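Trainee: Read off the chains here:
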Amino acid sequence: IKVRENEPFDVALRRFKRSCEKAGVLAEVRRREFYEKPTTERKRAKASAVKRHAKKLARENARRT
Amino acid sequence: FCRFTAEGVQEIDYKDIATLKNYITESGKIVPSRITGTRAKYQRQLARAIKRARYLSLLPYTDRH
Amino acid sequence: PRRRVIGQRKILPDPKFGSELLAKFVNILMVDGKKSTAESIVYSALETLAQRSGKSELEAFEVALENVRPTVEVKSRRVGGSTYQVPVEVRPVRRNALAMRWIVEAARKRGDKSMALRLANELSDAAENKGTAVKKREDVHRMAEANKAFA
Amino acid sequence: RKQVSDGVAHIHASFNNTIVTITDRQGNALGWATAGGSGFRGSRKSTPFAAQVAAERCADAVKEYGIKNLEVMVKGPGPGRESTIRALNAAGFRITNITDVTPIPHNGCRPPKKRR
RNA sequence: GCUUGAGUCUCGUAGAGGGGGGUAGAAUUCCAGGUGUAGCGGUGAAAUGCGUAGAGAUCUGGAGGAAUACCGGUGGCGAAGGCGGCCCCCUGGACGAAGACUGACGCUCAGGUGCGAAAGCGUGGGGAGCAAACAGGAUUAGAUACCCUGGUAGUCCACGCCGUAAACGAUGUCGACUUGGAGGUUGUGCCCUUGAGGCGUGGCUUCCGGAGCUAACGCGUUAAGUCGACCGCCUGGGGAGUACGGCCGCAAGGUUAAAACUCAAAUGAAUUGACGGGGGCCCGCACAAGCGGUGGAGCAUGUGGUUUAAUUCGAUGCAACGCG
RNA sequence: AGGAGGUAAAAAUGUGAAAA
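Protein chains in written order, with PDB author numbering: chain Z, 3 to 67; chain W, 9 to 73; chain L, 1 to 151; chain P, 12 to 127.
There's no promise every hint is true.
[As the list claims (entries may be wrong)] Simulated crosslink set (DSSO-like; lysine-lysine; CA at most 27 Å straight-line):
no., chain 1, residue 1, chain 2, residue 2
1, W, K37, P, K74
2, Z, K19, W, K49
3, P, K13, P, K56
4, L, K10, L, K35
5, L, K75, P, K56
6, L, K16, L, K75
7, P, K13, P, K124
8, Z, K45, P, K56
9, L, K24, L, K113
10, W, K49, Z, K53
11, L, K24, L, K109
12, Z, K39, W, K29
13, P, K79, P, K125
14, W, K23, Z, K48
15, P, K56, Z, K39
16, P, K74, P, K56
17, L, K148, L, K113
18, P, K13, Z, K19
19, Z, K19, L, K16
20, P, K125, L, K148
21, W, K29, W, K59
22, Z, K4, P, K125
23, W, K37, W, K59
24, P, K74, Z, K19
25, Z, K39, P, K125
26, Z, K57, Z, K19
27, Z, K45, W, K49
28, L, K55, L, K35
29, Z, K19, W, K37
30, Z, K57, Z, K45
31, L, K136, L, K148
32, W, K49, Z, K4
33, Z, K45, W, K37
34, L, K35, L, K148
It should be emphasised that the hints constitute simulated quantities derived from the structure, not laboratory data.
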């Protein structure tokens, strides 16, 4: 976003776009707030995501590989 | 997993705005401690010192000024 | 519908030279399973095309085939959306096969003649890119350049 | 006319339409755009390919004034952000700064609720 | 009198603890001025509304207010609710290595009192954005629903009133005992500080489970486990947390709280199939990419309805309908 | 691996006595 690439700007260098803005937070910051509906959503989704941290730490299973 | 003021205790302030340019990312945004390795009360104390520069107009609200 | 694909199919060309290329016209010019009645006609349909457009039967067909040869095709694809279209350029296998589709499609109309002499009109028409089969080839060209909004 | 040399392009964008205002370092804007003034009415009005033609309305009707080296300053949303900007690049101009500067808030006034 | 009970003090730690007041920027809203253009808007789709008065829109500037994107985490404080931009004023409770001191001042507690998110009301305001009732416009069997654009009260502030929840870890309060392992957070001790270190010692919590317990799911050091103490609650569901009266409340009602009456149920976990306009994978011409038939017409045939003496009888999505 | 954007509008009633 703060990119000039002074004389050659022939390639876009669009990697500060997606994980920062233009779809990511822009589909999550505007409406549907209630001040604590995120606490009905952070407690569901991050707990579904911090177990995605933990399920690789319980990795030994019926693979046998 | 880095070394800090855990067992080799130190202080962190607001005046050193160049190092306080590191505990925000390059827009003025305070990155969480989760990525930069630091600790919560070593950031929550510093979060006031971030805003004490933002109250004193040194590290911004936004990159449009 | 899902996994396995066979290779090529095997049709039987005209009795002067082995030509699977020209047979694809002929087998689609084959109406009602009748190779025979086509064999009387598709030679006469090739009698009128070649020496009135200019070339012999090697390259006189692409006078009336490369001019009706498309370059763009469109189809509707949604990933879950507003029922929109995601188009692609088609490969050589289907492209000029679609060019042969318009010519038999133009073969039916313009009726005061025989099937032999109805094929005389459009093959002579498609030779100089003034074909009614080419007219349908010019309609498929305008289904690009504005209807490619999703990719 | 004055043939304004330095311009500042405010692509005041949304998903469907955009009132692009082709300003300068002053702010004065003789050129404009909408994706609705071009048209493609209906579902196809919700396209930044139409904002591209709106940015092509920012790429014509001003060749008389010659809007040289410019700051792309796009505000607002739009999920097709590789369509609206490069048509302004296709004008033959130069983009001095490629900025997606948006008025990002601190949540001062209340938002309503939707998607039911 | 003593001390392991409770508490006080010295030396340190922490933050949205609570009440009030100053003060900043971005976002957005209205408007003046320069430039300028025919569209702006919204959704599953569309329209409403608005714009030629020169809107949406860019920059400078004036006039506003509350919430604080990221920092910010099952982390912190507290009786609960609840409370996070920064600072200031008053003030609050808790934890710990190491000690002194009063010397069981300990625990709970109906009545009574105060507080309590939220909405409502009375007096005067903030009044920008959003927003019950309302109008117009689509979908629609009605839409008096979901949806869109404006907009009354409200959301914010001062003093009182109502004193109510899913106030939910649905688990009251206090104390003791009772394998643990993996992290977050603030303290912190002995040792060589000889690098983000080796090994212990408390509190607040998330996850898996042995002993034990349970109807089951499951709780598991904050236990539904092992015991003792005080207060409160329950006696089949529904009727009803309604009514007469009483305390209180301007109002809206809260609270204590039945009965007649009806049924033989009501309620909860789990088991196996079924169902979803839930999903992944796989298959069938289900579909995408094609040619020709059925449906318009002549002819050949069966049933139903009908008429009639019966127009044998049965079948009546199908897989009965060129069937017997 | 660690994490984000796009993700659903039309189809209702079976109101009643079918098991050792």
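Trainee: Please go over all the hints and tell whether each is borne out by the structure.
Mentor: Consistency of the hints with the structure:
1. Under the criterion of a C-alpha separation no larger than 27 Å, the hint pairing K37(W) with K74(P) is inconsistent with the structure, at around 40 Å.
2. Proximity of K19(Z) to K49(W) is assessed by CA-CA distance (about 31 Å); at most 27 Å being required, the pair is judged violated.
3. The hinted pair formed by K13(P) and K56(P) fails the criterion: a straight-line CA distance of about 34 Å is larger than 27 Å.
4. A threshold of 27 Å between alpha carbons decides the hint, and for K10(L) with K35(L) the separation of about 14 Å falls inside it, so the pair holds.
5. For the given pair, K75(L) sits about 20 Å from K56(P) by alpha-carbon distance, which is consistent with the 27 Å threshold.
6. This hinted pair does not check out: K16(L) and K75(L) have alpha carbons roughly 39 Å apart, beyond 27 Å.
7. Simply put, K13(P) and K124(P) have alpha-carbon atoms about 48 Å apart, too far for the 27 Å limit, and the pair is violated.
8. Using a Cα cut-off of 27 Å, the hinted pair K45(Z) and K56(P) is violated, with the two alpha carbons roughly 39 Å apart.
9. Distance restraint check for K24(L) and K113(L): the Cα-Cα separation of roughly 24 Å lies within the 27 Å cut-off, and the hinted pair is therefore satisfied.
10. At most 27 Å may separate the alpha-carbon atoms for a hinted pair to count; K49(W) and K53(Z) meet this at roughly 25 Å.
11. The hinted pair formed by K24(L) and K109(L) meets the criterion: a straight-line CA distance of about 20 Å does not exceed 27 Å.
12. For the proposed pair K39(Z) and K29(W), the alpha carbon gap of about 33 Å is over 27 Å, so the pair is violated.
13. Using a Cα cut-off of 27 Å, the hinted pair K79(P) and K125(P) is violated, with the two alpha carbons roughly 43 Å apart.
14. Distance hint between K23(W) and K48(Z) is unfulfilled; the C-alpha atoms sit about 36 Å from each other, more than 27 Å.
15. Only pairs whose Cα atoms come within 27 Å are accepted, and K56(P) paired with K39(Z) is rejected, the gap being roughly 33 Å.
16. Taking the CA atoms of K74(P) and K56(P), the gap is about 26 Å. The hint holds against a cut of 27 Å.
17. Taking the CA atoms of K148(L) and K113(L), the gap is about 41 Å. The hint is violated against a cut of 27 Å.
18. Taking the CA atoms of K13(P) and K19(Z), the gap is near 37 Å; set against the 27 Å cutoff, the hint is violated.
19. At most 27 Å may separate the alpha-carbon atoms for a hinted pair to count; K19(Z) and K16(L) exceed this at roughly 64 Å.
20. Restraint check for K125(P) and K148(L): not satisfied, since their Cα atoms lie roughly 31 Å apart, outside the 27 Å limit.
21. Between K29(W) and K59(W) the alpha-carbon distance is near 12 Å, which keeps this suggested pair within the 27 Å criterion.
22. A distance of roughly 33 Å separates the Cα atoms of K4(Z) and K125(P); the hinted pair therefore is violated under the 27 Å criterion.
23. Of the supplied pair hints, the one linking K37(W) and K59(W) holds, its CA atoms being roughly 11 Å apart against a limit of 27 Å.
24. For a cut-off of 27 Å, the pair hint linking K74(P) to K19(Z) is broken: about 31 Å separates their Cα positions.
25. The hinted pair formed by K39(Z) and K125(P) meets the criterion: a straight-line CA distance of about 13 Å does not exceed 27 Å.
26. The suggested pairing of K57(Z) with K19(Z) is violated, with an alpha-carbon distance near 30 Å, which exceeds 27 Å.
27. Proximity of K45(Z) to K49(W) is assessed by CA-CA distance (about 22 Å); at most 27 Å being required, the pair is judged to hold.
28. With a C-alpha separation of about 26 Å, the suggested pairing of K55(L) with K35(L) holds against the 27 Å cut-off.
29. Simply put, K19(Z) and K37(W) have alpha-carbon atoms about 16 Å apart, close enough for the 27 Å limit, and the pair holds.
30. A C-alpha spacing of about 18 Å is found between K57(Z) and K45(Z), which places the hinted pair at or below 27 Å, so the restraint holds.
31. About 19 Å separates the Cα atoms of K136(L) and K148(L), which keeps this hinted pair within 27 Å; it holds.
32. For the given pair, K49(W) sits about 31 Å from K4(Z) by alpha-carbon distance, which is inconsistent with the 27 Å threshold.
33. A threshold of 27 Å between alpha carbons decides the hint, and for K45(Z) with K37(W) the separation of about 24 Å falls inside it, so the pair holds.
34. Distance restraint check for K35(L) and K148(L): the Cα-Cα separation of roughly 41 Å exceeds the 27 Å cut-off, and the hinted pair is therefore not satisfied.
In summary, the numbered hints that this structure violates are 1, 2, 3, 6, 7, 8, 12, 13, 14, 15, 17, 18, 19, 20, 22, 24, 26, 32, 34.
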